[PDB]
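With one protein chain withheld, the remaining protein chains of the complex are depicted in position.
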Amino acid sequence: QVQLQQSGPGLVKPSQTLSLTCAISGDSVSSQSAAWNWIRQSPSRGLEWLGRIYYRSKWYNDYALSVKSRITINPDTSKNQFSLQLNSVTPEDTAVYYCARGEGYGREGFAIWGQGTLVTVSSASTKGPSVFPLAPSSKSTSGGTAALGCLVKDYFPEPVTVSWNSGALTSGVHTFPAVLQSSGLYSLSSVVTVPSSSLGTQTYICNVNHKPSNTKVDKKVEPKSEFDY
Amino acid sequence: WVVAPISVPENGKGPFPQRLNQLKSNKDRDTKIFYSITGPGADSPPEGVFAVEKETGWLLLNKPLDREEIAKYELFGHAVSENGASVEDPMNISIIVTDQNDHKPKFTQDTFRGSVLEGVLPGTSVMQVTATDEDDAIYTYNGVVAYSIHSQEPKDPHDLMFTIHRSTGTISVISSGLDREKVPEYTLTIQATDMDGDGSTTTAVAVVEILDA
Partner (left out) sequence: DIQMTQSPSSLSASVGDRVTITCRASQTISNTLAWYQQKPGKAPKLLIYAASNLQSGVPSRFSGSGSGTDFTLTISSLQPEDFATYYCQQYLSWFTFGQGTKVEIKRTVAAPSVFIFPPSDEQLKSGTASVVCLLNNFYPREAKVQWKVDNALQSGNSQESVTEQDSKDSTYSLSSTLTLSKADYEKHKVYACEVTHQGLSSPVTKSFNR
């Protein structure tokens, strides 16, 4: 069937240009029965249509009035794709950007969508996280269970991947969504509830991977010594 | 069921969607009518410039218009009852885009080079400069250019040696007393102002070589 494959860099610095591409398979960018759109989604403003292009006797475009002065949507008939160009970006342009197909001119909804591309507009330099243990203790136990974890602090940009025991430990795991700190860097916690009977027999290691900075940290998480040694 | 032409100024600010006119079928006195519009600007390219409210008949403008892009739209109104049956014949909807002064006058050349003999009488045609304006010069003054001389270099014997016809752009000698040995060349700052002198101005130069008798 029709598939839309997105490509393009996520990180854009303020006042610079955002450039994304949508590759089409199972259809033509020049189709006389379709229109090709860009739609963004931010936690603040929600889903927002940005513009469309469509081919009939010639090429036509329509842009959202909010972005009209900064936006360009262009077809590439040779590569069967269409691009998104958004000039002079500000942190208000941070969103997940989607390309979408509208049957006809879009007056029947958008049935086909790309996978989405997270765009972050920030001046922050790429930084690998610092990883700290959240040691199990008498303040983290109840019944037959103990909670422990890892604090993955001061990284940029998103995402980080967190696994426990090289992915062999998945039950009782909660990896929290990242929070943006006032510094412009992200921070997250990943916790796991384990049997308290296992604290001396099973070793717990959190595997932290931050692909943008090529950082890999394996941190052993265990109780503190009963005697300050 | 008939609609008068709709007149809309270009570069409008809505707010959008902007109500234009309400389509109404006399047949609505007995049953519920559903309205639709077709044509270039509605359901065909450029699509979605206009829409209609199906249950009310209100014709809507969805965006600012550009007279120099599309000056006129011809659409069709349709009135149907709930059973799908047409209650009216198609209605012609004409939408005229009226002009705004969104183009500045433009001289055809930055420098115009002309000549005149030294022993010429007042009223003698020197050269003709040209400026164009993309706006409407028929129904408005937006495309109407008014020509003028801003300055003359040098001012010997006096400043007002030449004149320019306000609408034609023809430069004429107005004062006798020209001499190649005295002053061989004149640099006339010439202006073209749209809205017949009340709009924007553009400047070009008219270089006049004084030919020996």
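Going by the order they are written in, the chains are A and B; count residues from 1 in each one.
Please note the rule applied: a contact is a pair of C-beta atoms (placed from the backbone, for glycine too) under 8 Å apart; a residue touches a chain by one contact, two chains touch by 3 or more.
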item: Contact partner of the left-out chain, one of B:62, B:128, B:172 or B:201; value: B:62
item: Touching residue (missing chain; options A:23, A:135, A:169 or A:199); value: A:135
item: Selected residue (touches chain absent from view) among A:191, A:205, A:206 or A:208; value: A:191
item: Contact partner of the left-out chain, one of B:48, B:64 or B:177; value: B:48
item: Interface residues of chain B (partner: the chain not displayed); value: 16-17, 48, 51, 53-56, 60, 62
item: Residues of chain A (touch criterion as defined above) contacting the omitted chain; value: 37, 39, 46-49, 62, 64, 98, 100, 106-111, 113-116, 130, 132-135, 137, 139-140, 142, 147, 149, 151, 153, 174-179, 181, 187-189, 191, 193
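Simple rule for what comes next: only the chains that are shown with their structure count from here on.
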item: Chain A and chain B, separation of their C-alpha mean positions in angstrom; value: 50
item: Contact footprint of chain B on chain A as seen in their complex; value: 54, 56-57, 60, 62, 65, 105, 107
item: Residue ranges of chain B touching chain A (in the complex, touch as defined); value: 16, 43, 45-48, 63
